[PDB]
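Student: Residues per chain are reported as follows:
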Amino acid sequence: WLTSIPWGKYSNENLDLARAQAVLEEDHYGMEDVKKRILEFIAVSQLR
Amino acid sequence: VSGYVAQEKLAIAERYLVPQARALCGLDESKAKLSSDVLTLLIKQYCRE
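Heads up: the sequence lines are chains C and B, in that order.
If you read the first sequence in the entry's author numbering, its first letter stands for residue 464, the second for the next number, and so on.
If you read the second sequence in the entry's author numbering, its first letter stands for residue 658, the second for the next number, and so on.
Hints may contain errors.
Ranges of calculated distance between the beta carbons of each label pair, as one might list FRET restraints [as the list claims (entries may be wrong)]:
id, chain 1, residue 1, chain 2, residue 2, range
1, B, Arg679, C, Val497, 34 to 42 Å
2, C, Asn475, B, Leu684, 44 to 52 Å
3, B, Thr697, C, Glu488, 36 to 44 Å
4, C, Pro469, B, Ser687, 22 to 30 Å
5, B, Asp694, C, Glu503, 36 to 44 Å
6, C, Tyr473, B, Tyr703, 52 to 60 Å
7, B, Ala689, C, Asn475, 35 to 43 Å
Non-contacting residues of chain C with respect to chain B, defined by C-beta distances greater than 12 Å in every case (computed) [to be verified]:
id, residue
8, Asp479
9, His491
10, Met494
11, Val497
12, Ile501
13, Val507
14, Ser508
15, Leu510
Source of the hints: derived by calculation from the structure; they are not laboratory data.
All residues carry an ideal CB built from backbone N, CA and C; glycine is no exception.
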């Protein structure tokens with residue numbers, strides 16, 4: 464149970480906003496506010 | 658401990674609060690100025706506690 468647990472396995476992220484633009488508009492019509500907030504979230508993580 | 662006067666919160670937030678959150682978001686002071694006036698407007702209006 465202990466060894467199985469990742470300790471540093473780091474799934475690589477995408478961080479370009481463009482690909483996030485596309486994939487968000489692919490799967491949910493409207494509800495633009497949550498899209499805008501999450502988009503800002505990626506935008507901030509990409510900096511720091 | 659007591660509460661805080663309306664004006665007093667400005668002198669708190671100008672020092673011990675904005676810089677802390679500024680460090681939470683990972684910014685540096687060079688890019689994220691907040692004049693005193695925006696803060697007095699905030700506390701005067703958007704939060705009465």
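Student: Evaluate each hint against the coordinates.
Tutor: Evaluated hints:
The hint said 34 to 42 Å for the Cβ distance between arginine 679 of chain B and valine 497 of chain C, and at roughly 26 Å that hint is violated. Hint check: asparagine 475 of chain C to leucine 684 of chain B, Cβ distance near 25 Å, so the stated range 44 to 52 Å is violated. At about 41 Å, the CB distance of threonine 697 of chain B to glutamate 488 of chain C agrees with the hint of 36 to 44 Å. A beta carbon spacing of about 37 Å between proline 469 of chain C and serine 687 of chain B contradicts the range 22 to 30 Å that was offered as a hint.
Between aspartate 694 of chain B and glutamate 503 of chain C the CB atoms are about 25 Å apart, so this pair departs from the stated range of 36 to 44 Å. Separation of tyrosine 473 of chain C from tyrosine 703 of chain B is about 40 Å and departs from the stated range, judged on CB atoms against 52 to 60 Å. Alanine 689 of chain B and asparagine 475 of chain C have their C-beta atoms about 29 Å apart, which leaves the hinted 35 to 43 Å range violated. Look at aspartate 479 of chain C: its CB is around 19 Å from the nearest CB on chain B, clear of 12 Å, so calling it non-interface holds up.
At roughly 27 Å, the least C-beta separation between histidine 491 of chain C and chain B is larger than 12 Å, which holds for a residue marked as non-interface. Distance check for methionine 494 of chain C against chain B: the nearest CB is about 25 Å away, which clears 12 Å, and the non-interface claim stands. Listed as a non-interface residue, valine 497 of chain C keeps its Cβ farther than 12 Å from every Cβ of chain B; the least gap is roughly 20 Å. With a least beta-carbon separation of about 16 Å from chain B, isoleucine 501 of chain C lies farther than 12 Å from that chain, consistent with its non-interface assignment.
The claim that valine 507 of chain C is not at the interface with chain B is violated, since a C-beta of that chain comes within 12 Å of its own (minimum 7 Å). Distance to chain B contradicts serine 508 of chain C as a non-interface residue, since its nearest Cβ pair spans about 9 Å, not more than 12 Å. For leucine 510 of chain C, the condition that its CB be more than 12 Å from all CB atoms of chain B is violated, with the nearest at approximately 6 Å.
Hints 1, 2, 4, 5, 6, 7, 13, 14, 15, counting from the list given before, are not met by this structure.
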